[PDB]
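Participant: In case you want the letters, here they are:
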Amino acid sequence: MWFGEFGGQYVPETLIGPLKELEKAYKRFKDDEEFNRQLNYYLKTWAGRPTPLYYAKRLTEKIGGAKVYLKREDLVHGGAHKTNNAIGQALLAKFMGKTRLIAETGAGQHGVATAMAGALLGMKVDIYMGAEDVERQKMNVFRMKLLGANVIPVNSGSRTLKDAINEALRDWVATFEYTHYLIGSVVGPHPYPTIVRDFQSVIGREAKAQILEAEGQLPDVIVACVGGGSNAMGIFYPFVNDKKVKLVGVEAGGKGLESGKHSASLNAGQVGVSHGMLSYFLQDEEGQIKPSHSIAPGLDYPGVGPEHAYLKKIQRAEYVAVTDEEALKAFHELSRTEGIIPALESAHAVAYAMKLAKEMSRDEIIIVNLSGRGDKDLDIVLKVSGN
Amino acid sequence: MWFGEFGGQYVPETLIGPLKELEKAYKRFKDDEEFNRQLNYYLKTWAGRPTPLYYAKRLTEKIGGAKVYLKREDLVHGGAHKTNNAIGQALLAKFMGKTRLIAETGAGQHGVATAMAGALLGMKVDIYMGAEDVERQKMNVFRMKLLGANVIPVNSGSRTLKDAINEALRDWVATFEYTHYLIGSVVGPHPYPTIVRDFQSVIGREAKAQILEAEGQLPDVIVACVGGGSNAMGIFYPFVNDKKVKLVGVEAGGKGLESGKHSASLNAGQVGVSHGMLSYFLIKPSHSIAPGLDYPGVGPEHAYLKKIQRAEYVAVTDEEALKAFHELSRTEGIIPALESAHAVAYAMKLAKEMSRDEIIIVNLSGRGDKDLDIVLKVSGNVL
Ligand code: NA
Ligand code: NA
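Chains A and B supply the protein sequences, listed in that same order.
All you need for this note's numbering is the position in the first sequence, starting with 1, plus 54.
All you need for this note's numbering is the position in the second sequence, starting with 1, plus 76.
FYI, nobody ran anything at the bench for these hints, they're computed from the structure.
Don't be surprised by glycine CBs; every beta carbon is placed ideally from N, CA and C.
Among the hints, a few may not be true.
Unchecked claim - Over 12 Å on every C-beta distance to chain B, these chain A residues come out as not near it, computed from the model:
id	residue
1	55
2	84
3	106
4	295
5	322
6	374
7	428
Said to hold, decoys possible - Covered by chain A, per the in silico footprint, the following chain B stretches (three or more residues, Cβ under 8 Å):
id	segment
8	211–225
9	273–283
10	425–436
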């Protein structure tokens with residue numbers, strides 16, 4: 055349950071049993087033949103795995119430095135890497151005999167992934183969402199309802215993701231016997247940070263095989279955006295024991311790191327406890343988590359995974375930040391240059407990789423995790439960038 | 077250059093020279109080792125081919141008849157099958173030494189795919205689009221511009237696809253030396269209907285292999301929606317010589333066949349010569365809830381198929397397609413394109429009658445993200 059000093063299970067006693075039962079079922083099923091057969095089957099036929107690894111030749115040559123490859127999680131069913139975890143946990147829940155899934159969501163993206171996986175496996179889905187987020191994500195809320203999920207607006211507290219998490223936790227205490235709490239990033243009490251990372255590591259395993267086929271060697275740098283940290287852990291984890299492979303996580307710089315309007319928890323946060331985990335959080339004088347900002351809706355998780363805090367501490371991975379403006383420019387640039395519209399979240403990784411590529415030599419290789427597609431962000435970009 | 081009587085090359089001598097060069101290019105490259113290498117590489121790494129063949133277990137069990145499989149073209153880069161054709165023609169153009177692509181569009185869906193493909197290969201892209209359609213498709217227009225293409229609204233006359241076609245053709249006459257005209261369905265003069273069907277036939281080849289792998293036998297029925305007819309021909313074509321395999325093309329019934337607001341060219345059209353080809357045309361205003369099913373014409377090869385009775389052609393209404401849209405989302409967690417929902421709707425009706433040993437493949441031509449605003453507007457109008 056610990057990654058160095060980060061992680062743990064900081065929850066009330068009523069949740070210890072349910073977390074124990076989940077940990078027990080996961081230890082059994084994670085290496086179970088039938089479970090992995092079905093999981094790999096759903097991932098192949100329904101999700102469309104494997105996703106390709108694409109060499110961005112025009113972008114590479116335009117920048118004039120290192121080769122830039124894109125791991126195309128944007129092509130997974132639903133348009134984002136979140137599906138990998140949603141299927142894994144939903145199937146796990148079915149194997150544990152649960153009939154219902156609950157989840158929280160801020161951007162709505164995890165809510166959608168959860169609703170998709172629940173519909174697939176024939177399970178009831180309830181999604182807790184802060185009323186302020188509900189208001190701003192009307193199409194995601196509609197998507198969830200199309201998928202047969204029930205969206206429950208959370209009106210308490212600040213009507214945001216933090217408040218939804220608290221409601222979801224309260225629901226699970228009472229309903230855990232038939233309900234699985236499907237956490238959407240590498241966060242929360244153990245064993246969630248481990249489970250989510252395990253279910254996303256397929257990205258890194260495919261990427262490793264794909265890059266070896268393409269270039270006959272491991273990459274020099276892997277770059278991924280970091281909200282809660284799941285897409286980054288997914289692509290990082292199989293390369294952790296490859297000492298030569300540099301790992302860079304990109305947080306939301308928002309309006310700027312000194313502006314006080316960003317979501318760079320590792321970069322500017324402090325150690326604290328929330329959502330059952332000891333990790334880095336941006337918190338106020340009174341210890342309360344403060345509002346995070348980013349143009350990218352999905353980089354709004356309040357905090358960061360304990361495994362990322364650990365990788366930072368031991369200096370296995372480096373963490374940087376990219377601003378809203380920089381992310382936007384990358385969003386336009388990739389669309390024009392390679393014909394791929396990325397998610398605004400993923401654009402942060404693209405933005406940094408472009409800066410990094412310029413510094414590196416042409417024989418060198420950068421893999422960017424393109425965690426999602428940008429169809430969902432077109433309304434946003436039109437408003438901000440203009441017609 | 078013909079499919080029975082249908083097809084052909086009915087154009088002025090201004091267009092004959094560039095088409096002839098296109099065939100010499102296509103014949104040279106269609107089977108060329110280098111062209112096929114690069115095409116397959118882009119289809120794999122950029123488009124994400126192959127797409128899986130998915131067994132809709134819950135939907136199959138619910139209906140209680142035939143096994144329903146979905147060929148998941150919704151998973152191709154861009155969320156639609158059109159990408160397969162866009163990459164093929166754009167690559168051909170680069171091989172021919174062209175630096176620019178032009179195309180027409182109504183829904184905007186083919187315009188987006190051309191912009192994507194053109195961006196991929198570093199070509200200038202100009203999309204001609206009718207002004208009435210430009211105003212109806214704000215997000216697709218924005219997409220095209222974001223992808224680096226220029227959208228040329230046609231404000232003269234009818235302001236529809238018909239006018240966009242005319243302007244694009246005029247453009248190609250002047251600029252074919254450095255410009256390739258990229259047609260978006262199995263329509264127009266030779267060699268376009270053949271070329272587009274060729275570039276989409278990968279759908280059927282994957283599907284054939286995938287169904288043999290899954291079930292050890294060919295399917296009893298293949299169902300696909302029909303606008304211009306590219307996704308249906310793509311999946312149909314590799315099974316044409318396998319005689320026990322029924323082929324069904326599903327047209328837009330719209331408000332109703334009796335209502336006169338639909339796009340069912342084969343069911344209610346008349347034979348005519350348009351877009352430089354002999355085929356079925358309605359011209360009249362076509363209507364459908366699914367934007368991509370707007371084309372009043374239909375591919376000549378579907379004309380050829382209907383006359384010899386090799387494929388059957390049917391229609392599904394706006395209301396039925398909407399029902400299937402909701403049904404597939406809730407039952408399989410797959411939100412289909414409204415075009416594709418026409419096929420799903422018909423396949424569901426068809427499954428009920430058939431036995432449990434029997435197999436249906438539905439071509440899920442696209443994803444429904446693009447249609448959510450439309451469906452929200454209608455869904456919010458329910459009582
Ligand atoms: Na954060
Ligand atoms: Na038609």
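Participant: A separate judgement is required for each hint: does it hold in the structure or not?
Facilitator: Each hint tested on the structure:
1. 55: holds, 32 Å
2. 84: holds, 23 Å
3. 106: Violated, because the least Cβ-Cβ distance between residue 106 (chain A) and chain B comes to about 5 Å, which does not exceed 12 Å.
4. 295: holds, 27 Å
5. 322: holds, 32 Å
6. 374: holds, 26 Å
7. 428: Check fails; 9 Å does not lie beyond 12 Å.
8. 211–225: With 6 residues close enough to chain A, the hint holds.
9. 273–283: violated (count 0)
10. 425–436: Our answer is that it is violated, as 0 residues pass the Cβ test (under 8 Å) against chain A, missing three.
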